[PDB]
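The other protein chains are all here in position, but one chain of the complex has been omitted.
Chain IDs A, B and C follow the sequence of writing; residue 1 opens each chain.
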Amino acid sequence: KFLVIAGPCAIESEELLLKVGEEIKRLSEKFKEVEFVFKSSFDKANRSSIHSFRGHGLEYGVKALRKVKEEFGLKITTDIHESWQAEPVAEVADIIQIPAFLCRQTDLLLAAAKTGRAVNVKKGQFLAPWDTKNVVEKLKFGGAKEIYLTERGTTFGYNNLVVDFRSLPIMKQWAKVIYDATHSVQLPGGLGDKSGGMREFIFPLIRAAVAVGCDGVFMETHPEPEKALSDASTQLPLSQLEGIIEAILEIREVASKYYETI
Amino acid sequence: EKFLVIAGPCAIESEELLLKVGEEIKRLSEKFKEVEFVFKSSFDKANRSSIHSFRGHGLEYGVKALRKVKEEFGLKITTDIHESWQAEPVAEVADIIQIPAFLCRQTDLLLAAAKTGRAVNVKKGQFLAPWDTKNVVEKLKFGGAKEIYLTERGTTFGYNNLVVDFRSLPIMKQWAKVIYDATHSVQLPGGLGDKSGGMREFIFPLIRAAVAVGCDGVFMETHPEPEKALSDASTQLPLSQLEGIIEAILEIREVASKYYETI
Amino acid sequence: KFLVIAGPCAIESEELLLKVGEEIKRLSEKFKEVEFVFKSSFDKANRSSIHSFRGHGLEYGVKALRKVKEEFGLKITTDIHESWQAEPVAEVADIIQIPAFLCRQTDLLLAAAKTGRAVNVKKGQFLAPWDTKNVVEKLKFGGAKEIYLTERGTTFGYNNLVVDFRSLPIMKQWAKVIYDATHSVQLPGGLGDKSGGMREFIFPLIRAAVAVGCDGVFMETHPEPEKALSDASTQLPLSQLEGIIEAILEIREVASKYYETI
Partner (left out) sequence: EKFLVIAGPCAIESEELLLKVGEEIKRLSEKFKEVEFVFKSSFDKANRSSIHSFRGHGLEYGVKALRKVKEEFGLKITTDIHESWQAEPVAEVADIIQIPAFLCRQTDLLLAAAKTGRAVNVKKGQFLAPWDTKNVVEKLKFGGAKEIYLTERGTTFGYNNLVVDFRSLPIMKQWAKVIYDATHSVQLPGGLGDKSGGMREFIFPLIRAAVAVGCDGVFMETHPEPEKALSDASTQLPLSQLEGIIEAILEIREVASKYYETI
């Protein structure tokens, strides 16, 4: 069924995770035809500035994520940054996420595939849609069986990303496709010390994604984005999540009749 | 508001071709009463890549052919102009005067179109940013235009390729009605060397995206037999497929409409 | 010999043209191994804003340009915007310039070629280097014998241009190549009502052009760019023209040994 990956960008505290997890659990009960996966990074290993928030470490993160899965019975997903992290993360993560900048790092992909867990690779901003075929092949070689590719924008001049929706049907040829609705509108290094983005385009573009056809969507959501320690300009207010989900489900219901085969 | 569907053969290959397509558009106009159809065809392809490619049979012949379509089917008409002097004779038949993408910044062409009193539709240049169109609309208003459209037809993305940045739709809506060009947006500029190429398999998915995001109309080139077209043979939609596409976009528009943001 | 096309962007007044023409005449006498061509537009037909400076009309412009050619004996070049302008402009213009946005307008190219004059086409920001082969063919079909292609940057994301220097050797296969040193650093619509640009990159990039190899350079020059009615952010101060010319001639002298054949 349709996948909805959502949660706060970074694990600012297990408290934050629980509050968001409580809402995702509620929507999970309201939208039975949707498979929700809770997401949150234990480390922002690629911040632009050395002085920006990274996190509380892998152990605290994996612990907080365990709390969410045990308390709400929600599937989990988080990203890894170096090969050694795959094993400990797989203890809780149902889906191991591979960062966009690291989508070509062979050992990271193999490490993730070896855990036996599902793997979701963020398509690098430097990659062409057809270049992802090789990515999937590495994962299959590594033993991965459940593989996802996430569209999160492509480099378009400086400090800007564009979403080429032709990528959805192209990547669908070799993997399930997820559309990252929040990172696709961010402006890389847009604010000098941090990245920017236009929240006003999150909804319009997610509607486009389901109209074109995808297997799921990815959304960063925070109770108060303004106070977020990461992606404060792009995380979706928690309260607006329900409305957006219902909206894309309705559009998908009507549009699905026209999704092209393979 | 009434959704606009601008459709027709890319170029006026013959008056016979126009009537053939016009007959089908008229039929669909009777079925899709909630749609405002505008028949489109260029009397001249003034910017072909090669000197050896088809251009047309001249303005006189073209306007005459377009007038036959309006007279026989009662359909609104739109065609593009390339130089200022063409605005006047074209306004005689064209309900909407179209400004080519490469010429979207040519002040005199825009002014010539605006003073005719007809509606003006400007194809957004492949070199233009969405917010850059505000000044285009300003020039038109200055010139007397009261009904203005801006058409999204892709942006230069590396060589011989265009990308559609859908953020352009809500941005341009701030100052004009917005049209999505479903066929030119998938063309590969100069892709075939002496001519441009294209990927027809992406026409439908991208048009679904356009209506889900929200626009005021769509623009589609359509030909009975695309493979035999004298221009854009790789991107024109087979006429037989037009009905189905229109029905689909009306359905997606309806379900997504309650979510369209207010500008 | 090496071509240097220079002059004020727009014909703000025949007075401005004479002052600039006087300096270009002086450099012409100092650099005998260089063929100088005086340039200035009688009309800026593609300004972003309807309220920006366009010019004083074709007649006044052609007249002022005649004054420059007669008073200083300098070759002339100006751009045309519609087919009817080719004939009257050819009365004075040694080289007819075709605007970047209009490089694909067949009738404009043919009109220019019919005059018997040399034709310099600005490569559209939307054109690939190899797409210019067709441009030259149209001109040859139209009777043109002296044909130039000018590199002036390519669309790179929004409101920015990048100079792909690979274009120089590619275009050289079918025409003489000119590098536009001033427009290549302009930021299209950068200031909302007008375009922007970084003057600091004019010199570095022109050095690159001659190191790679070209048949000439194009430079907008004004006594006081700050007061210019067009491209105030990119026109080169008249006083700096001599130094730049000597510099590129020196670099060309050494680098020419390595220019690849054809």
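Criterion: contacts are C-beta pairs under 8 Å (C-beta built on N, C-alpha and C of every residue); 3 or more make two chains touch, one makes a residue touch a chain.
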Identified contact with the non-displayed chain, of A:27, A:45 or A:249: A:45
Options C:18, C:27, C:34 or C:162, residue touching the unrepresented chain: C:162
On subunit B, residues whose C-beta touches the chain left out of the figure: 157-159, 161
Hidden partner chain, residues of subunit A it touches: 45-50, 54, 81-83, 101-102, 104-107, 124-131, 134, 137-138, 141, 154-155, 158-159, 188-189, 193
Contact set of subunit C toward the excluded chain (per top definition): 154, 156, 162-166, 168-169, 185, 198, 200-201, 203-205, 207-213, 247, 250-251, 253-255, 257-258, 260
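Here, only the chains that are shown with their structure count from here on.
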Centroid spacing, where centroids are CA-atom means, of subunit A and subunit B in whole angstrom: 37
Averaged-CA centre spacing for the pair subunit C and subunit A, given as whole angstrom: 48
Centre distance in Å when subunit B and subunit C are each reduced to the mean of their C-alpha atoms: 33
Multi-partner residues of subunit A (at least 2 other chains): 156
